[PDB]
Amino acid sequence: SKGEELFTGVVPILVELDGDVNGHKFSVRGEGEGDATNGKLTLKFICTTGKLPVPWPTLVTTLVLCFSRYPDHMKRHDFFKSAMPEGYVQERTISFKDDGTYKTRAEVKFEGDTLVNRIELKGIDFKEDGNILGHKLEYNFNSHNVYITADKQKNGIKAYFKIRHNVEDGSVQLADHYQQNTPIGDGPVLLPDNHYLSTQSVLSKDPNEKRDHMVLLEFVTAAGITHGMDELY
Amino acid sequence: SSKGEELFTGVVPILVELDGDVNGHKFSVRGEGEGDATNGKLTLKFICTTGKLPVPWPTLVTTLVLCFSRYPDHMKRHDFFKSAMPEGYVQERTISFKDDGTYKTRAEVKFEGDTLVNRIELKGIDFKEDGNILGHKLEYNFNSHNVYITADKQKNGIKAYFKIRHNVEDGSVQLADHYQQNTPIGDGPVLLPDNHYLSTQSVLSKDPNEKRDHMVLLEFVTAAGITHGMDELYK
Ligand SMILES: [Cl-]
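Chains B and A, in that order, are what the protein sequence lines are. What the first sequence shows, in the deposited numbering, is residues 2 to 64, 68 to 237, in sequence order. What the second sequence shows, in the deposited numbering, is residues 1 to 64, 68 to 238, in sequence order.
By construction, these hints were calculated from the structure, which means they are not laboratory data. Take the hints with a grain of salt, since some may be wrong.
Cut-off 25 Å, straight-line C-alpha distance, at most; resulting in silico cross-link-like pairs (SDA-like, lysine to any residue) [what the hints assert, rightly or not]:
id, chain 1, residue 1, chain 2, residue 2
1, A, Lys79, B, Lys3
2, B, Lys166, B, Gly191
3, A, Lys238, B, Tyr143
4, B, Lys3, B, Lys26
5, A, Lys26, A, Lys238
6, B, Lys214, A, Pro211
7, A, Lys79, B, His199
8, B, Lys209, A, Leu44
9, B, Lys158, A, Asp234
10, B, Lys79, B, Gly191
11, A, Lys162, B, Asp234
12, B, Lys140, B, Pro54
13, B, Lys79, A, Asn149
14, B, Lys140, A, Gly10
15, B, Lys166, A, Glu5
16, B, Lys101, A, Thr38
17, B, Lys214, B, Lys3
18, A, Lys79, B, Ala227
19, B, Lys209, A, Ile47
20, A, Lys45, B, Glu115
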């Protein structure tokens, strides 16, 4: 795609999220940069409305898969970069086991030289003293796989994965992610064969930042394409 | 699928000790940190305990614990590195810097109590006086790579090959070919794998509180390249 050429260097990123969970509103703004050749992202997020009413780890997946490292042999299967520069809509339902649900809608696109992710998030049916609204999640993150398949009828993709959030008592809070992406433009996009992305995330704090915030390093790498060749062999 | 796998289900402390000699320039490095194999994650800080490193930090990354790789459930029977524990394995490499010299390394990786220890000797020869390595012309960063692995039935271990791409300060790339062998230290049985690869990603940084010559490293290593029937069914 012509879109993949936009990612050959380090690209600045802007993230803007407006959220409402059980009526608790908040906004998050993030900035940083992405290096898709190595599949690497670094960002700092601030809650601009004061205190975040949910744990930061619950927002990581919502807060730019166009920065995934796609191996040379799998370039034809990178939908995210192929939709650029006009971009794509990413929508999810995230179901927290035994608790509430987030519904998200994001637009990911270039504005000038910057890759912007603008998100609206609505959360409902959370327990006021559950793991989420009770802030019982550890400030850390696990490695996951994002499973991707084409959705020809929407000219896009679907994905599924299950996030594991460590809870302060030693338990694990599961969050099922149901995802769809569709291009914003009408130009042609690449629809992939089935594959997955391996993800790793590291969360930290800036010691000179007084606002409620999260520093994030993330790696995302594509794998799992069965070429006819090795299916033969 | 091995007993050794059980030693890696949580966070394991790591100690790394390296003695090096590159064209007669001697040095030592000590590293400490921890590994979380469930997530394929390593966090370490290394100090050059002899003062200044005579080679670029990036050239030592690969030498300075693949037992911390995340193997997917369906590939756990191919995890040689964990299966050799706790007695451990010897890891040897020849690393050829294209158009420059060579490192030869020998390391023992094993548990000493609750700590996973990597103790290494490195000898470097034939480096060019004008070159990217002794000239310190390499950027302080690292790229993502694939480590290719195959069984070595004759030595009851494995062999590996990969090509590291080091960014050079003028925009070129300095290649480093890695040839690797691993063999178990103990007698116990080990898992000999089908061909596969490890996908690696690394971030180099500095600790603002540390005034010694040092490198902070975060790394992710995940096994791949062996498919499973449920994934293939729907392709
Ligand atoms: Cl250096």
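Hints, one by one, checked against the model:
Taken as a hint, the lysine 79 of chain A and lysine 3 of chain B pair is broken in the structure, with Cα atoms around 39 Å apart against an allowance of 25 Å. Proximity of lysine 166 of chain B to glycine 191 of chain B is assessed by CA-CA distance (about 32 Å); at most 25 Å being required, the pair is judged violated. At roughly 37 Å between alpha-carbon atoms, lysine 238 of chain A and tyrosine 143 of chain B are farther apart than 25 Å, so this suggested pair is violated. This hinted pair does not check out: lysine 3 of chain B and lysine 26 of chain B have alpha carbons roughly 38 Å apart, beyond 25 Å.
A threshold of 25 Å between alpha carbons decides the hint, and for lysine 26 of chain A with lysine 238 of chain A the separation of about 54 Å lies outside it, so the pair is violated. This hinted pair checks out: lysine 214 of chain B and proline 211 of chain A have alpha carbons roughly 19 Å apart, not beyond 25 Å. Between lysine 79 of chain A and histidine 199 of chain B the alpha-carbon distance is near 20 Å, which keeps this suggested pair within the 25 Å criterion. A hinted pair counts as satisfied when its Cα atoms are at most 25 Å apart, and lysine 209 of chain B with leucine 44 of chain A qualifies at roughly 18 Å.
Between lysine 158 of chain B and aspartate 234 of chain A the alpha-carbon distance is near 23 Å, which keeps this suggested pair within the 25 Å criterion. Of the pairs offered as hints, the one joining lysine 79 of chain B and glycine 191 of chain B holds, with about 18 Å between alpha carbons and a cut-off of 25 Å not exceeded. Between the alpha carbons of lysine 162 of chain A and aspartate 234 of chain B the distance comes to roughly 22 Å, so the proposed pair stays at or under 25 Å and holds. Between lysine 140 of chain B and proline 54 of chain B, the direct Cα distance comes to roughly 12 Å. Compliance with the 25 Å bound is thereby established for this hinted pair.
Proximity of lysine 79 of chain B to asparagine 149 of chain A is assessed by CA-CA distance (about 17 Å); at most 25 Å being required, the pair is judged to hold. Restraint check: the Cα-Cα separation between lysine 140 of chain B and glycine 10 of chain A comes to about 21 Å, which is no more than 25 Å; the hinted pair holds. A hinted pair counts as satisfied when its Cα atoms are at most 25 Å apart, and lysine 166 of chain B with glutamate 5 of chain A qualifies at roughly 24 Å. In summary, the hint linking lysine 101 of chain B to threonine 38 of chain A is supported, as the alpha carbons are separated by about 22 Å, within the 25 Å threshold.
Taking the CA atoms of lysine 214 of chain B and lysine 3 of chain B, the gap is near 41 Å; set against the 25 Å cutoff, the hint is violated. Our distance criterion of 25 Å between C-alpha atoms is met by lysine 79 of chain A and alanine 227 of chain B, whose separation comes to about 18 Å. A threshold of 25 Å between alpha carbons decides the hint, and for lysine 209 of chain B with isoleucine 47 of chain A the separation of about 24 Å falls inside it, so the pair holds. About 38 Å separates the Cα atoms of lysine 45 of chain A and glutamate 115 of chain B, which puts this hinted pair outside 25 Å; it is violated.
In summary, the numbered hints that this structure violates are 1, 2, 3, 4, 5, 17, 20.
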